[PDB]
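Just the one chain here, laid out as structure tokens, in the form deposited in one PDB entry.
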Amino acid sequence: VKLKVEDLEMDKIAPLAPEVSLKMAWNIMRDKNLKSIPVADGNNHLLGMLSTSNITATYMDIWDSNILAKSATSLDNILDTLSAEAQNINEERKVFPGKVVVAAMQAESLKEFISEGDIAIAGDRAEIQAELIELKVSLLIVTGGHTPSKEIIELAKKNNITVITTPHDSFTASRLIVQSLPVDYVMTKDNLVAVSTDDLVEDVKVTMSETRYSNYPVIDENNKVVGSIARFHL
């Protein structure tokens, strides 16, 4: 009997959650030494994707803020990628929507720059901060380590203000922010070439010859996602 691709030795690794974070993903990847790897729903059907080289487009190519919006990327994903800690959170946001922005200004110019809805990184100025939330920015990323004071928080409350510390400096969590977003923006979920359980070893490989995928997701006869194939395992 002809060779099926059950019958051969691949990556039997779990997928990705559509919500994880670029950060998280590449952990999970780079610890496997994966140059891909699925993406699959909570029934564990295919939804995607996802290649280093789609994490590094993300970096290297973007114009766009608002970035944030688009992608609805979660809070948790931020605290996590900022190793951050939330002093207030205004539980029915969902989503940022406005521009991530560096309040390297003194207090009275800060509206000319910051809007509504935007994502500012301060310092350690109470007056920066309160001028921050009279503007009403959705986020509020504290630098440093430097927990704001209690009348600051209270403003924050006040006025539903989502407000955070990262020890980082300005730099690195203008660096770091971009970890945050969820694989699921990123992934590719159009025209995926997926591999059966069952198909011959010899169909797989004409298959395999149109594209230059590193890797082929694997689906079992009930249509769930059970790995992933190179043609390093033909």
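Numbering follows the first chain given and starts at 1. For clarity, a rigid core is taken as the largest C-alpha set superposing within 1.5 Å between two forms. Compared with the form deposited in another entry:
Large C-alpha shift between these two forms, rigid core held fixed: of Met24, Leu16, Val225, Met10, this applies to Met10 alone, with a displacement of 2 Å or more. Annotation for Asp41: C-alpha shift under 2 angstroms between these two forms, rigid core superposed.
Comparing the forms between these two forms, the C-alpha position of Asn66 differs by less than 2 angstroms, with the core used for superposition.
After superposing the rigid core, the Cα of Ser180 is displaced by less than 2 Å between these two forms.
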Second form
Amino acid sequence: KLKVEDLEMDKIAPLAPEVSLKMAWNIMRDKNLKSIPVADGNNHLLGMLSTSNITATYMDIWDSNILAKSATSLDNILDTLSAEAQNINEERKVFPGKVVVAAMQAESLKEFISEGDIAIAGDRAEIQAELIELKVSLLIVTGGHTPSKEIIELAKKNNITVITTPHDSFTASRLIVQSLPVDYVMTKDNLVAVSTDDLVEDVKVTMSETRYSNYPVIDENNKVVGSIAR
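What would the structure be for the form deposited in another entry, rather than the form deposited in one PDB entry?
One chain, no partners, no other molecules: that is all that follows.
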């Protein structure tokens, strides 16, 4: 009897779970993939990423602490904003608060911005200093202007991560969402894969139900070996 491993399959390089949506989307376009598997370091299938996932994330109610819940990393934020770090709290993995644009006056920031927040700000030293004083978990300086040495020093002392992006505040706000790791967004449950072990006749029965265009293929050990079209 003919098994799935006897079928020719599409080759498919899985995404790591920690890769940004930005990186993931660039890969999906580059290969013309509507969806792509996500796998761990041992190549075990973790989930699947598609533009259905990505759009739902963008269109559906934004959790305020989404960076925290996704455990979005600094490297993800830095690549996504084409940003450079002027100081890093190297003992922090996770940015716990909400993302806020520091559009206000310095004296007013207290009311909107609190400890652990991610603050997007411009090139005003006065504003930066106050955000540092408020213990934002992350200060994102927009406009491409790296803060003064004084500000950098204040941040070193307080262990505030400070980065600078060339993008203005509107664009940075749009971009930051694309920092999210794929594992936060992907389909995980009732992902339908097929095993190299499975009989084709049985797989026809399983494809009958589901209606998807593509199914990742796994081996005896749950490792991602490819995908096949219906």
